[PDB]
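8 protein chains.
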Amino acid sequence: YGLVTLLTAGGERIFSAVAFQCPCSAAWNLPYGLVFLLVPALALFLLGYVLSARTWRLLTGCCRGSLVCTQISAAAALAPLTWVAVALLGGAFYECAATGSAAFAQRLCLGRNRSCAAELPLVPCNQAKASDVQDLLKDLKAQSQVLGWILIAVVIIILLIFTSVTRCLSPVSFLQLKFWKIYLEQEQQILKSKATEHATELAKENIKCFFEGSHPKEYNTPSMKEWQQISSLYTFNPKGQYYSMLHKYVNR
Amino acid sequence: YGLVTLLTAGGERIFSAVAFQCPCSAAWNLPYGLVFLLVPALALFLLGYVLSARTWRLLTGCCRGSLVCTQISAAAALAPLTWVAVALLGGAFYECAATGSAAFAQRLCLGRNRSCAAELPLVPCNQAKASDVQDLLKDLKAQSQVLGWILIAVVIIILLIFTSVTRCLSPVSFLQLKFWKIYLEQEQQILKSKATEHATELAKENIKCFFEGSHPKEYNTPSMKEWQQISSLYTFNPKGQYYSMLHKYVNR
Amino acid sequence: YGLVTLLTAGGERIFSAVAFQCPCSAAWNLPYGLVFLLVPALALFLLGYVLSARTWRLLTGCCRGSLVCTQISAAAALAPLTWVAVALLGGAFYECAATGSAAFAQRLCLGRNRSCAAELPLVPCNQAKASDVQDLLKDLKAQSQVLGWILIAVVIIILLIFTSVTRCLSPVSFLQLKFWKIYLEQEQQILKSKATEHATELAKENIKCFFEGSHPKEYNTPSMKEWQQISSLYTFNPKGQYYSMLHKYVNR
Amino acid sequence: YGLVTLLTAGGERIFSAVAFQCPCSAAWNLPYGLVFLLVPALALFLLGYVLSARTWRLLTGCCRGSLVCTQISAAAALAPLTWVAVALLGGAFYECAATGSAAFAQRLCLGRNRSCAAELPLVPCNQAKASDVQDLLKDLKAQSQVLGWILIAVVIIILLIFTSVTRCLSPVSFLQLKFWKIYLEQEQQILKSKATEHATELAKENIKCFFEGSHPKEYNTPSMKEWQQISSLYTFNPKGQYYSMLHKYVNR
Amino acid sequence: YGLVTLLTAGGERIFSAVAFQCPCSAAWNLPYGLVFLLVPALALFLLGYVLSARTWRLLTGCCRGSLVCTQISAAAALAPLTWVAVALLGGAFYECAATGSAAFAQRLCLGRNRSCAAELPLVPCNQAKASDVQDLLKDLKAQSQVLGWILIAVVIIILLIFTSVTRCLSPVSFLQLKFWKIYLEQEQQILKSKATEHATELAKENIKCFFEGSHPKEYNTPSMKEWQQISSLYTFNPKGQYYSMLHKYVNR
Amino acid sequence: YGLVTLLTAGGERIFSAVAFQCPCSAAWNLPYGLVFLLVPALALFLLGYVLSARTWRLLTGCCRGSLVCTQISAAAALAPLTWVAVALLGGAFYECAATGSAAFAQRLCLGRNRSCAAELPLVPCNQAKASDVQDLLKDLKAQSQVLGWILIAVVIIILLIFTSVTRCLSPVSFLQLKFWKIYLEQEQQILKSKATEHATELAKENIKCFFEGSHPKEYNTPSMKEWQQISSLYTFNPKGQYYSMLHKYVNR
Amino acid sequence: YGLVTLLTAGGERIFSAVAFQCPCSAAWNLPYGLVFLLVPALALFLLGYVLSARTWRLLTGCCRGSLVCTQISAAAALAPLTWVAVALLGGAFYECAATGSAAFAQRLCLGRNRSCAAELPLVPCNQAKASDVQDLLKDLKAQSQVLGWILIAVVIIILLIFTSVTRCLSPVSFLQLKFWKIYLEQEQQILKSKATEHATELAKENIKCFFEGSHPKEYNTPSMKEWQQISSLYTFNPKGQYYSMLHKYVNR
Amino acid sequence: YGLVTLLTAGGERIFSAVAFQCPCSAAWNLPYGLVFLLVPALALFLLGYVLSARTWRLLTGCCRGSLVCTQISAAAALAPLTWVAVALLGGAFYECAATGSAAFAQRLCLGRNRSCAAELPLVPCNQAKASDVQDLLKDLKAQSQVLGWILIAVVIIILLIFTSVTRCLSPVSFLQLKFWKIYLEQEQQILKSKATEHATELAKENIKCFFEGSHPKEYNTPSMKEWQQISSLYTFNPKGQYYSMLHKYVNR
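Chains as they are written, first to last, in the entry's author numbering: chain A, 20 to 82, 94 to 282; chain B, 20 to 82, 94 to 282; chain C, 20 to 82, 94 to 282; chain K, 20 to 82, 94 to 282; chain J, 20 to 82, 94 to 282; chain I, 20 to 82, 94 to 282; chain H, 20 to 82, 94 to 282; chain G, 20 to 82, 94 to 282.
I should point out that these hints are in silico values taken from the structure, not numbers from a laboratory.
Don't take every hint at face value.
Listed below are several chain G residues computed to face chain H (Cβ distance under 7 Å; list not exhaustive) [what the hints assert, rightly or not]:
1) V37
2) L66
3) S96
4) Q101
5) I102
6) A172
7) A183
8) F192
9) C198
10) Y213
11) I220
12) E231
13) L232
14) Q259
15) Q271
16) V280
Where a beta carbon is used, it is the ideal one built from N, C-alpha and C, also for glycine.
Chain A on its own, in the form it takes in the complex:
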């Protein structure tokens, strides 16, 4: 129960701390909204850019490259766009971003109170009492939510076009591509299991030879150059089907 209690206490403290006041300030407010917009989005973007093993496969070993790079970048930027869309649909962040540069304010307000730019930042702060801005905060909330929805539409549209073109111009058919992906999945799982047990037997043999203090068996050597040879990325040629470059490397 200790873990449960500590986790609930930590979560409550965390959320009470992420309380979003949108401080009404003449000039220090814009960055307040801007960081709450960009930084968590950038964070999730980075985590996506990190997590996928496909890019790591390319990166290791002392560092056409455009296609794979834009593919991985989009496949990772999927999620941060979802976060920023959800936040922008939250409305609070952009509502705080209302002020921004003075150009936005001067172009923005209808000029009714003639005192917009002076103490506009008070408008999400609810401290200003001019009727014009008390209605204008609502319109700004609207612009935030609307922009968010427009973004979540643009992102799905881009995903459509991306996946469709990537699915349109490939030489291989569909019912084989599905089977190929199943193949790669099975290969990954089999590799995990058998490499695990092979490393296990290697360790067992070596540690027994250490306790005894004698020569090892010298059963076989997984060649490191071979490892690099099978780490190739592209895995296609119309003639030599040979998926999974390891499999391509069975002729010699």
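Since the structure of chain A is provided, determine the placement of chains B, C, K, J, I, H and G on it from the hints.
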């Protein structure tokens, strides 16, 4: 319990954020309603346009085509129409769409207050106090719900006509069409299972040959050109019944 | 629990949205009631017209016909009449339909307030304060419920006459008709099961021949023309009892 | 139940005691915030600097060294930065750090009340009633949260660059590095188990010889110089793959 | 349930009795705080100084000695420092220690009320009403908590330096030291078990000889001088590895 | 449930009866506090002096003796000191003991009201309204709690010195003393069991001889003089290790 | 549930009836307290004097005797003293016994109101309003509780001295006395069991002989004079150890 | 559940009906208390006088006799005395018996109001308002409870003397008397069982002979004169031990 708590917290935050205020604004309100109408509808339409594997079957491989295209487009536009119908029956969105172009307003209001177009947008906002518009908001809600019901009738009618004609002019009978669909289902499931285990054995053999470092077996080759040959779409000719083009490709 | 919570939230939202206000409007109210009367009724009528496989049996294959058509139409119009009866017994819809054409109003009200047609639509809206109409709304509710009960009587009467005549003039006896229906039920279930397993074996054989890449077995061919031949509808002649046209087609 | 009750009582007492008042004091407040910033951060930094066995491996035995040292220092400073980021996002600590050196105050306040530096420390204390500082506390809270978010961005960026470069310039490939780490894991677990049972048998033999009072068996001797020889750190040379220096020491 | 009820009643009585009032007294208050500071700390220090069996091993038998003594003293003073740190972070004790010697008071208060030393002791007592001291109590609470945090930092720093130096200059490597500690653990457990059963058999034999009234067996004698010989402490020499002096005493 | 209900009722009655009012009386109050101090302490002291079987071993049989006597007296006075310490830390008892002899009062009060000794006993009674004594009761509570803490420190210190010296000057080593105590424990348990079954067989034989009415078996006689011989206390001589005097008595 | 309900109802009625009002009466109150003091104490004393089988062993058979008589009397008066101590610590009874003989009152009250003896009995009755006695009731409660505690100390002291002397001058040692008591326990249990089954077989034989109507077996006769012979009490002589007089009677 | 509900309803009705009002009446009240005193006591006395089978053993058969009669009468009057003691300790009954004969009243009241006998019966009725009797009711309650306690002491004393004398002058010893009572218990249980099965076999034989309609077996006859012979009561003579007169009747 952590997943459960995080999911309920996220759902509550999400729904509190999708709170729909319908900001009363002279000109920025129309798009507010318009995005809440179109964008989620377009989203679900796109997801339908993506999900079905029948269209993907046509799309892959470097891209009569009308019939299949309108069939898939309608079969996917089924759901977005359901969303937009439910929303329009919600009444709030179109109620916010009341203003729209000025032509709608000038033609719309009875001319009683003579001040409609000035601050009509306040009518779902409940801030306007003219009796005429306080009753007119109700009629607009009515028009929304009624239009929604009319749409959900038109959509079912269209579905009827579509499925009836598609069921009327086909050469094959009913009790055979049912059996054929059962056939295709069984074929899909069998294909999934056996292709899975065949890829499994392929991977096993190749990974064993890799650990040993020797020549593979060369059992057999699923031909890629054969894969493309069996990916055909139409699957009918009165003479050569031969469902499931794979099955058609058993004579040679 | 996620499915349960989402379903209850959706149901609550749906029902809160189907809230029926009956907007009091001089001319736009009649259609408000009319759609809530007809459209859900038409919807359930259409779903009935779709669901029964007996009509589909007739429809497929490039399209005396009166008897079967009126039979299926009544057997499907059973349910929509139940919906419209329940709704009309609800009273709200027709109460909203009070206004209708002006002829209904002028003939309807006793002429007491002499101001009926002007703002009668307010009478279910409870905003009108003339004593005559405040009592007249009740009578309209009465007319709605009464008409509903009259309809639910007429529908059961029609069902009686229909099923009795259909049960009266048939040549076959009762205790055999029951057995015949049991027969058709058993035939349907047996057909489902055995056709399922036969398609299963067909698929197995063909997919094995594909993995191997060799000629199929050519066990037998369910003839498509035979399928159409056994799809006939009438299934009766006094001499050749031969229920279930498939069974009739065993002499040659 | 005694342990549970004592733990909940202790936790409640602990948290009630860590109550953070931010005493408003002219000069003794700055250190109040500074210790609550640095000391828990330094504590978690130290615990990280202690816990990892990789550094201990280097440290023991009477004490190129730069690379490993910066690697371990960053890998341990990961967590304290997370603590300080969470705290700075809490806002209270830095809000208490508002005062700091007088330079911060004189540069900070807009000069409105002209009495900032006199009793500014009261501003998180809520005792000062000047409007300027009552709004300025909010901006200070903002600066705290914003700086926190900037730090949590900088830390993830640094983690990215660190892990990417460390993953970029290594000679070995990826799919082999994963296998190598699995290898080291298996080696650690096998070592734990077998060393455990070997020490067990050693102890059993010696304690039996003690109860009897006779000469021991002298089965074998794990050489201490050998232990030191196998404690090496680098474990790489392009030619002699020989992971896990113990494994490198199997040729002689 | 009796034990449970008596324990909860005793705990409630105990805690209600340890209620800390900090009596405001001119001269008798300082010791009030001082005992609540030192005595529980000294108590836990003593319990640590008692509990560890390593020191007892040295102490028994009619009583270089510096190194082991400072090691055990620090290893035992670990916990009392934790208690005193937690208490000092509680703030109440030192807040009561505010008064102390008059030098602390005269140097302490800003000289505002000019009546500090007269009735300062009332300041945690909340009975004094001078504004200066009502704010000064807060600063004293601050000094308490801050000093506590400084102490909990100094203690962890000292622990770091201690364990690092003790881990730095030892001749044996790490991966062998871990194994050695595992060895000593296994030896302790084996000793417990086998000594237990050996004493059991000894007692059985002697008590049987008593019931019968005859001569004992005289199986063997665990020599007391041998016991003292195997009780040695240092257990290291670079040449004769021979951990666990018992094990060192197997050559003769 | 009857036992449970009677026990809870008895406990509630008991505790409601041990309600401590500290009657404010000029001369009869001192003994009121004194008995509540000494008598329960003396009671637990006596129970300790009774319970230990080591002293009984010395006492029986018609009654160097200093060492064992002070050892047992301290080992039994352990607990009463804990009771009196807990009570004195309760504060109420000594607070009632405030009055005591007049010397304590005259030396005690600052002489402010000049009416201390007259009606000081009212000070824990809360009936006196002089400000001096209303503050003095608090200081007396302080003196009680402080004295209690001083006592609980002195007792642990004495326990330390006692157990350390007793552990310091003994000739036998530690790791043998532990084994010896385990030995005595096992001997006690074995003695309990086997003496039990031997008395059981004795009783069985004699009662069978009684039912039959014949001569007994005369198997053996546990000699009473032997019993006294094996009841000796010291159990040590450097030469004849011979723990557990019974065991010492196996040579003849 | 009937037994449970009747028992709780009876207990509630019983306790509501034992409500102790201490009627304030000039002369009839003293006996009111005196009976509530003595009678339940005498009752429990008598029950103790009855229950122990050791005295019954002496009493039966037509009735040095001092030692056993004082031993049994003290061993039985143990409990009544506990009851009277608990009651006297309750305070109510003796508080009611305040009045007693007039000598107690005249010596008791300080002579302040000069009207003590007239209506002192009202003092626990709370009806008298003289300040002196309203404080004097408290002192009387004190005297009651204090006397109770003094008694519970005297009783434990007496128990100590009694059991110590009885344990001091006995000729037999301790470790044999424990074994002897275990012996007597086992003898009692064995006697219970075997006498039970022997009476069972006797009854079986006789009742079978009755149903048949024939001569009995005449197996054996437990001699009544033998029964009396084995009922002796002292069970000790230094020479003939022979515990449990039955066992002493095995020589002839 | 029906039995449970009916029992609780009956119990509630019964107890609500046994509500004891003690009607304040000048002359009809005395019997009100007297019946509530004697009648339930007499009832339980009678039930005791009935239940014991020892007296029935004497009574049957056409009706020294003093000793057994007083023994049974006391053994049965045990319980009614307990009831009357509990009731008298209840106080209400005797409080109602306050009035009694006028002699009790005239001797009873102090003569203060000079109006005792007129409307004294109102004193437990709480309707009289004279201070003297409002205090006198309390004293009467006291006399009731005290008399009850005196009675419960006298009864236990009498039980003591009775059982002691009956245990003192008997010729047989204790340890044989216990065995004898065990014997009689076993004899009763064996008699129950075997007589049961013997009557069972008798009935079986006779009812079989009835169904068949033939002569019975005539196995044996339990003689009625024998039954009377074995029903004797005294069961003792010093010479012929022969407990359980049935057992005495085994010589002839």
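TODO: Return the status of the interface hint for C198 of chain G: holds when the least beta-carbon distance to chain H is below 7 Å, violated otherwise.
DONE: Where the cut-off is 7 Å and the nearest Cβ of chain H is about 5 Å from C198 of chain G, the hint holds.
Task: Per-residue hint verdict: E231 of chain G, partner chain H, C-beta under 7 Å - done: With a closest approach of 11 Å, the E231 of chain G hint is violated.
Open item on the list: Is the interface hint satisfied for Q101 of chain G? The criterion is a beta-carbon contact with chain H at less than 7 Å.
Closed with: violated (17 Å)
Open item on the list: The hint names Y213 of chain G as touching chain H; please verify it with the least Cβ-Cβ distance against 7 Å.
Closed with: holds (4 Å)
Task: Interface restraint verdict for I220 of chain G against chain H (beta-carbon cut-off 7 Å) - done: holds (5 Å)
Task: Residue hint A172 of chain G, partner chain H, criterion CB-CB below 7 Å - done: holds (4 Å)
TODO: For the hint on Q271 of chain G, just tell me whether its beta-carbon gets within less than 7 Å of chain H.
DONE: Constraint on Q271 of chain G satisfied, holds at 6 Å.
TODO: Grab the minimum C-beta distance from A183 of chain G to chain H and call the hint holds if it beats 7 Å, violated otherwise.
DONE: holds (5 Å)
Task: Closest C-beta approach of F192 of chain G to chain H relative to 7 Å, hint status - done: Since the shortest Cβ distance to chain H is 11 Å, the answer is violated.
- [ ] Under 7 Å, Cβ to Cβ, is where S96 of chain G needs to be relative to chain H, so tell me if that hint holds or is violated.
- [x] Hint violated; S96 of chain G Cβ to chain H Cβ min 21 Å, cut 7 Å.
TODO: Verify the interface restraint on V37 of chain G: the C-beta must sit less than 7 Å from at least one C-beta of chain H.
DONE: violated (11 Å)
TODO: Using 7 Å as the Cβ threshold, decide whether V280 of chain G counts as touching chain H.
DONE: holds (4 Å)
Figure legend: structure checked against the earlier numbered hints; hints not met, in rising order: 1, 2, 3, 4, 5, 8, 12, 13, 14.
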